[PDB]
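Visitor: Each chain, letter by letter, is given below.
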Amino acid sequence: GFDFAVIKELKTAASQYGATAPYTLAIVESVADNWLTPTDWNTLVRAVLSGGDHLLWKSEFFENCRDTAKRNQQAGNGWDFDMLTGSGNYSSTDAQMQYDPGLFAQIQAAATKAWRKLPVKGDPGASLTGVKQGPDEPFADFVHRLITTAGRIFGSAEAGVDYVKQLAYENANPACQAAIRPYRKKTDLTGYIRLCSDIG
Amino acid sequence: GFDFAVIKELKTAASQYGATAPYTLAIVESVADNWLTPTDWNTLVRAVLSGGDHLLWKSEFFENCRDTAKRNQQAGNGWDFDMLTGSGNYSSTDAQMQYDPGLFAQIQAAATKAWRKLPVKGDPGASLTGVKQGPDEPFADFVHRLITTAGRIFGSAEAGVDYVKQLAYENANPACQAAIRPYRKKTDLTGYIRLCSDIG
Amino acid sequence: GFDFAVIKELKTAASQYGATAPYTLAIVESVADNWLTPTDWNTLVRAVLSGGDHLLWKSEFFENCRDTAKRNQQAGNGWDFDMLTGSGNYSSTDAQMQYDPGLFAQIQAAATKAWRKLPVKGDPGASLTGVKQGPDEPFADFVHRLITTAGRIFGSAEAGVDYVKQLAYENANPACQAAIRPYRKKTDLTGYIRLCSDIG
Amino acid sequence: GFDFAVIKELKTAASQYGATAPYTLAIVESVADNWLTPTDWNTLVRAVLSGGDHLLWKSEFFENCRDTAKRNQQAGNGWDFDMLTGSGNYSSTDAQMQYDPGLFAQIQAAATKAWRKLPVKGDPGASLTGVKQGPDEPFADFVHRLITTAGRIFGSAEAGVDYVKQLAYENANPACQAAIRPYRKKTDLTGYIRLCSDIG
Amino acid sequence: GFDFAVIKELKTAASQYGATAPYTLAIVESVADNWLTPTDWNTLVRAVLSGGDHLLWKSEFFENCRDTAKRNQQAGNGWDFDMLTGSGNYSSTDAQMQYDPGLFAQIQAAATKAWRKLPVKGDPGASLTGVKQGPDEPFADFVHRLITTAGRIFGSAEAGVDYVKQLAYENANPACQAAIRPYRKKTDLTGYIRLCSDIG
Amino acid sequence: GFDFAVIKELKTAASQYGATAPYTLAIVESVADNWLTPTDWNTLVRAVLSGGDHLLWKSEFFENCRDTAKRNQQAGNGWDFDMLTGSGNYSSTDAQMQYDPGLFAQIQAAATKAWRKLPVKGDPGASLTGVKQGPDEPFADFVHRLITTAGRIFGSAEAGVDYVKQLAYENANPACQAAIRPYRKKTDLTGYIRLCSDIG
Amino acid sequence: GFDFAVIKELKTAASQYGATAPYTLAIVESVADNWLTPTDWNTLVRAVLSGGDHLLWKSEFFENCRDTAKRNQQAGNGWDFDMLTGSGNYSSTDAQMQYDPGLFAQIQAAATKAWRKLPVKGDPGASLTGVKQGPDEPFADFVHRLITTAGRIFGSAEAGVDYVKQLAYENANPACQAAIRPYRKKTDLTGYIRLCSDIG
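Chains as they are written, first to last, in the entry's author numbering: chain B, 19 to 218; chain S, 19 to 218; chain Z, 19 to 218; chain W, 19 to 218; chain F, 19 to 218; chain R, 19 to 218; chain G, 19 to 218.
Think of the hints as simulated: they come from the structure by calculation, not from any bench.
It is possible that some hints are incorrect.
[As the list claims (entries may be wrong)] Short, incomplete list of chain R residues facing chain F, as computed with Cβ under 10 Å:
| no. | residue |
| --- | --- |
| 1 | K88 |
| 2 | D98 |
| 3 | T147 |
| 4 | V149 |
| 5 | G152 |
| 6 | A158 |
[As the list claims (entries may be wrong)] Some residues of chain F that are not near chain W, with every Cβ distance over 12 Å (derived):
| no. | residue |
| --- | --- |
| 7 | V24 |
| 8 | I25 |
| 9 | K26 |
| 10 | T38 |
| 11 | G69 |
| 12 | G70 |
| 13 | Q91 |
| 14 | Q92 |
| 15 | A93 |
| 16 | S105 |
| 17 | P119 |
| 18 | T130 |
| 19 | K204 |
| 20 | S215 |
For every residue, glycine included, the Cβ atom is placed at its ideal position computed from N, Cα and C.
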C-alpha cells in the first residue's frame, strides 16, 4: 500500500540518521514486506531521495538483474525484461502487478540490494554529539533522548561510555553541568539523575 | 561455492564486530550472491554461529515463508514445501538444487531476512575504546587501525571527534601521550603524526 | 584416513596434557569420526602410547564387547567374533572393512570407551604451574599462553584466580614481577598489561 | 584480456594521481590496445570509478557516436546501433565481438574520448606537497620518491625548483632539515645527499 | 577544414606550454574532430613542429598501424595500404578522402596516438615560475594570469600553495611585495588584492 | 533559431547569478518563445550546463510527461512517444519538427518545468557582497552596478538598506569610505555622490 | 629467441655505460649469435633505444647493404631486396626467416655494423667519478664496485691509479677518508682495506 507519512518520516530520519542507520534500512525492509512494484517504490524514493542515488540504484538494478536474467535463462525462466525493467512495455500498474511471486522475490531483493548499495554522504548526525541540552529542558529526558538516538545511529545502545558521559555533561545546562563537574569524576547516570532534578 | 576461510574470518569479525557491523551483513549478502541452498548456508552458519540464533532464524523462516506460501498459492505458485523447508523430502544436495530461480530469489531473501532479524549480544567491540596503543607499536599506524575499525563498527569513518582524539591520546603510549597532553588542547592528527614519530 | 602428524601432536599433548585433558579425548573422538578399523586405530595408539595401556584397553574390549555379544545374540545379531576381535580370522584390511555400520557404531563406541577407561599417570602438566616466563619473552603473551593451556588442562578458562595471578607474578620476569609486587595487591590483568610493556 | 590487479592499481593511482595525471591516461590508452568491447571496459571502470562519471561518459558516447553514425550513413556504413550502443540487442560477449575492426577503431576512440572528457575532482595529490619525510626514513630516497611522483602528477620531472627544494626541506626530518637550513641557502641536491646520510 | 591561425596559436602555446600541457592535446583532439586526411594534418604539424618528431610519429604510425593491418586482415578488412600509408599510391586529396569511416576512426586514432607518444623537450614554461610582475602592471590581473596559466601547464587550478603565494610575492612589483612581506606571513589572495590596489 | 552568444552570456550569468535569479529564468522563457525541439534545447543546455542537472531534468521529463501521456490517452491524443521522448525513433531534426503545435505547447512547458525544478548550488553571487569598489574606479558608477545586480539576484531593486549602505561603504575606496564614515551616519546616496566625486 | 629482461638490462647499462662500453657491444654481438631477423632485432632496439639512432642505422643499412648488393650481383647473388630491406614484400616472420645462411651472415654483419656506427651522447657514466661511497656502506665492497665498473666503462681494469686512489678517497665515507688522508700518501688498497674495516 501507499505509505505517505511514514515515508516522509523515514526521509527526515534519513537526513538526520542517514541511509545507513539500522533504523533506515530496517524501515526499508519493513516496507518491502508487500507484494508491490519496484516502479512506484523507486518513484517514491526518488521523490524523497535525490535523483542520482535513485537512478544509479536502478541502473545497477538493470545490470545485475539482467545478469541474473542471464542465469535465469540458463535455468530458463523466460522472463526478466518487462517487470525486470521496472516497467518494460505495458507495466502500467496492474500489468506490472502481473509479477510472478518468485519474480516478486527477485524484484524486492534487487530493490533492497540497490538501496543497500550506494553510500550516504557521511555526516547527518553531528547534532547528536553537538550543542547541548536546552537549559530549561529536563536533563534526564535529554539524556534518554541521547542514548536512544545514539543507539539509532551507532547501531547499539552499548555505546555509552565516559565519552557519552562528558557528552551529556557538556550537553547538560550550565547549572547541571556546573554541579556535576565539581561533583565527581567517574560519575554515573544515577548521580546525574539524582543531582540536577529541579528548576529553581 | 564453499567459502571456508573467509567464513571463519567473518565469524572472527562477528565476535569482534558483531553481527550488526555493516561489515558483517555486507559480507553476508556478498556470499549470498550465488545460487545455492540455504540448507548448507545455515549448516555453515550454525557451525560458526551458536545454535539458537540459527534454529530461531530458520523457524521464523518456516513461519514467514509459509505465510509467503499462502500468498504464493493465492497467486498459485504450487511450491513452498520441499525447498521452502530448507529440505523437505529429497532436497539431498542436487534435488534441492532443483530450485526455481525465482524460488532461489525467495530463499536467498528469506535467509538474509532471517540473518538480519536476530540481535547480537550487544558488546563485542569494547576493545576499540579500550586499553591503548602498545608502547613499542607505531602510533599513527595504531590510529589508522583505530579509525578504520571505528568505521567498521560505527558504520562510518565520520565518527572522528575529540572523543576519538582523547581515545587515541589515552591509547597512545605513555611517551607520545605524555608529549601530546602538554603539547596542546584542540590538537589534530597532524600534530600527533608530527610529534611522536620516533623510537629513542 | 591415516592421520600421521596430528596423531604425533596429540601424543605430545598427551605427555604434556595427559590422556584426561578435554583436549585429548576431544581429539580422540574427533578422529573416531571415520568409518575405519579399530585394529589400525589401536596399532597407531600403541605406537604413540605404551603397550600395557593399549593391550589392557583391548582386553577389556574383548571382555565387555563379548558380553555385548552375549546380548547381541540374545537379540540375535549373529556376529561379534571376527570384527569384534579387532581381527578375528581374515580381517586383513578390507575383510575387516566389511563392518556392519551398526557394527562400526559398536566398535567405535567400544574403542572410545576403552580409551576413556584407563587412567593417566597423574602428573604431565606441572610445567604449567612451574618455573616462569622467560625474561626476554613478552609478558602478556606468556600470560595468554598460561590461561589458554590452563583451560586446556583444567578443562575451563574459568580457573583464573589470585592463585593464577601470583602464578603469573612468580612466572613474570624479575623486572615485571618486581614492578608488580610493589605496584599493588588485588592487581588485575589490566595492571600487568599496562605496566610491564617494554624492554629497556 | 581481463586486467584485474593493474586496474585496481590505476584506480588507486587515480585517487592519488587523479584521472588527469599523464600516468592515468597513459595507462588508459595502454589498456585500450586490445580489440575488446567497450561494454566490459566501462563496466570495469564504473566498478573502479563512481557511476555518474561512467554513465555520463557513456551518454556522451551515445550522443557524439550517433552523430558520428549520422556521418557514417552519410558515408553509408550501415551500422552504429548495436555495437555502437555498447550493447544494442544481442551484444552478449561474442555477438558484440562481431565488431568491424574499423568499428573497433571507432569504439576505442570513443571510449578514450569519453574518459578524456569528464573532469577529476581537482585535488587528489595534496599528499605530495604535504606533511614530510618520515623521521627514520632515508632522506634521499624520500626525495627520489618526491621527484618521481612530482613528474607523475605535474607531468614532467622538470618541476624541480627552490619550491621543490624547500618542499623537501620541510619534508626532511627535523634532524636533516635542521642541518640544512643553517647549512646554506641556494643548497642543491648534492648538499642534501652529502649531509644527511646517517642515522645516529 | 584548414585551421590556420589557431594552429599557429597552439604552436606558440606548444613552445610555451609544451606538447604535454592538457591545453595542447585538448586542442589536438579538438581539431581531430573532422573527417580529414592525416596526410595534411601531419604536413601541417611538421610545418609548425620540427621534422623528426613528425617523421618519427609517422614511422610508428606505419609500424603499429600495419600491425593493426595484420589484425585487420586476421579479421579480413582488405585495406591498410594506401590510406594507411598517409598516402599509398593515389591518395591525392580526394582519392585519400575515399576513407572508410571506420578507416577514418582508425587513422584519427593512430594520428592522435602518435602525437601522444613522443616526449616534449621538458622545459618550455620556466617563464611561469620566472621573473616577476611588471612594475607598472596591475598586480591582481598578473596573479590571475599566473593561476590561469598554472592550471594550463600543471593541469589543474589546484596548484595554488604558499609556493604559489611567494611566487606571486617575488613576482609582485617591489612596491607591492615590499608591502606584503612586512604585511604578514600566511597572507592570502584577499590580503594582496586589498593592499596593492593603487598606482601612486 | 540557434542562439549562440547570448546562450554563452546567460551561462556566464548562471555561474554568477545562478539558475534562480529572475534574470536567468526570464531569459530561459524568452528563448523558449520559438517553436523548436527540446532536443537541441537540452543538448545546448547540457553543453553550457553540467550533465546531471540536464539528464535529471530530462528523466523527470520522461516521467511526468508520460504521466501526462497517460492523461492524454485518457483524453485520447494518440501521441507522447517519439517527440515526447525528445527524440523517439526518427526525430532527426525535421521529423521532430513534425510537432503538433499543442504538442509544442506541451514540450515547451515541460522543458521550462524541468529547468524550473532542479536547485542551483546555492552560492554564485558572493562577489556582490564581497570585496569592494576598485580604488581608481568611479564610486557612484560602482554603486549603480551594485544596485542593478542586487536587483538581478535579489529579484528586486528594493533591497537597498543601511545594509546596502555599509556594503557600498566598505566597498568604496579607502578614500571615499574614509570620507563617508566620519561624514555622517544615516548618510544617503546623495551624500556619497556629493562627496567622493574627484580623483586627486 | 626473444630476450626480454636481459635486453632491458643492457638498455639500463647503455644509459649508464653507453653504447660504447665494451660491455654493451659485447652483449650486442652475444645476442647476434642466433639466426634471426634484423627486423625484430631493430624493432626491439628502437623499443629500448630512441628512434633516430635506430632509423639512421637502418637507413645506412639500406645504403651500404645495397652497395653490397651491387657487388653481390657483380658476383651474381640474385638477392638483396626483400630480406635485405629488413622486410621487402612478404618478410612476415617466417617468409623473412627464409634467409640464406650466408644471407644471414650478411644481415647480422650489417646490423652489428650499423649498431657499431652511430655515436653515444658522450656522458652516461659521470656517476662513476661522482659523489661517493655511502657512509653506512662497506668501503672495500664499494671500491670493488668501483674498479669493476671502471673496467666496464674504461674497457680495462688497468685504469687503477692514484687518480682512482683519490677517487675512492673522496668517495670513501667521511670516517674512512678522514682516517686515510692523515694515514699516508702513496697509500695502496691494502692500507684502506686494513684501516676502515669497522662500523662503530
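Visitor: Indicate, hint by hint, whether the structure satisfies it.
Guide: Here is how each hint holds up against the structure:
1. The beta carbon of R/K88 comes no nearer than 42 Å to any beta carbon in chain F, farther than 10 Å, and the hint placing it at the interface is violated.
2. Because the closest C-beta pair between R/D98 and chain F is about 35 Å apart, greater than 10 Å, the hint is violated.
3. Checking R/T147 against chain F: minimum C-beta separation of about 14 Å lies over 10 Å; hint violated.
4. The restraint placing R/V149 at the interface with chain F holds, with a minimum CB-CB distance near 7 Å, inside the 10 Å limit.
5. Proximity of R/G152 to chain F holds as hinted, the smallest CB-CB distance being about 7 Å (cut-off 10 Å).
6. The interface hint given for R/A158 is broken, as the beta carbon of that residue sits about 19 Å from the closest beta carbon of chain F, more than 10 Å.
7. With a least CB separation of 20 Å from chain W, F/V24 remains clear of the 12 Å interface cut-off, as annotated.
8. In this structure F/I25 is separated from chain W by more than 12 Å, as the shortest Cβ-Cβ distance comes to about 21 Å.
9. Here F/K26 stays apart from chain W, with its beta-carbon at least about 24 Å from theirs, past the 12 Å limit.
10. At the 12 Å boundary, the C-beta of F/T38 falls inside the reach of chain W, the nearest C-beta of that chain being 5 Å off.
11. Chain W leaves F/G69 outside its interface by the beta-carbon criterion, the shortest separation being 22 Å against a cut-off of 12 Å.
12. No Cβ of chain W comes within 12 Å of the Cβ of F/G70; the nearest lies about 20 Å off, and the non-interface call holds.
13. The beta carbon of F/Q91 sits about 9 Å from the closest Cβ of chain W, which is not more than 12 Å, so the claim that it is off the interface is violated.
14. A beta-carbon of chain W is positioned within 12 Å of the beta-carbon of F/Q92; the least distance is around 9 Å.
15. For F/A93, the shortest C-beta to C-beta distance to chain W comes to about 5 Å, within the 12 Å cut-off, and the non-interface label is violated.
16. With a cut of 12 Å on Cβ distances, F/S105 stays outside the contact zone with chain W, its closest approach being about 19 Å.
17. Chain W draws F/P119 into its interface by the beta-carbon criterion, the shortest separation being 5 Å against a cut-off of 12 Å.
18. For F/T130, the requirement that its beta carbon stay farther than 12 Å from each beta carbon of chain W is not met, with the minimum near 8 Å.
19. Every CB of chain W is more than 12 Å from the CB of F/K204 (nearest about 15 Å), matching its label as outside the interface.
20. Distance check on F/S215: its Cβ is at least 27 Å (rounded) from any Cβ of chain W, clearing the 12 Å threshold; non-interface status holds.
The structure does not agree with the numbered hints 1, 2, 3, 6, 10, 13, 14, 15, 17 and 18 stated previously, though it agrees with the rest.
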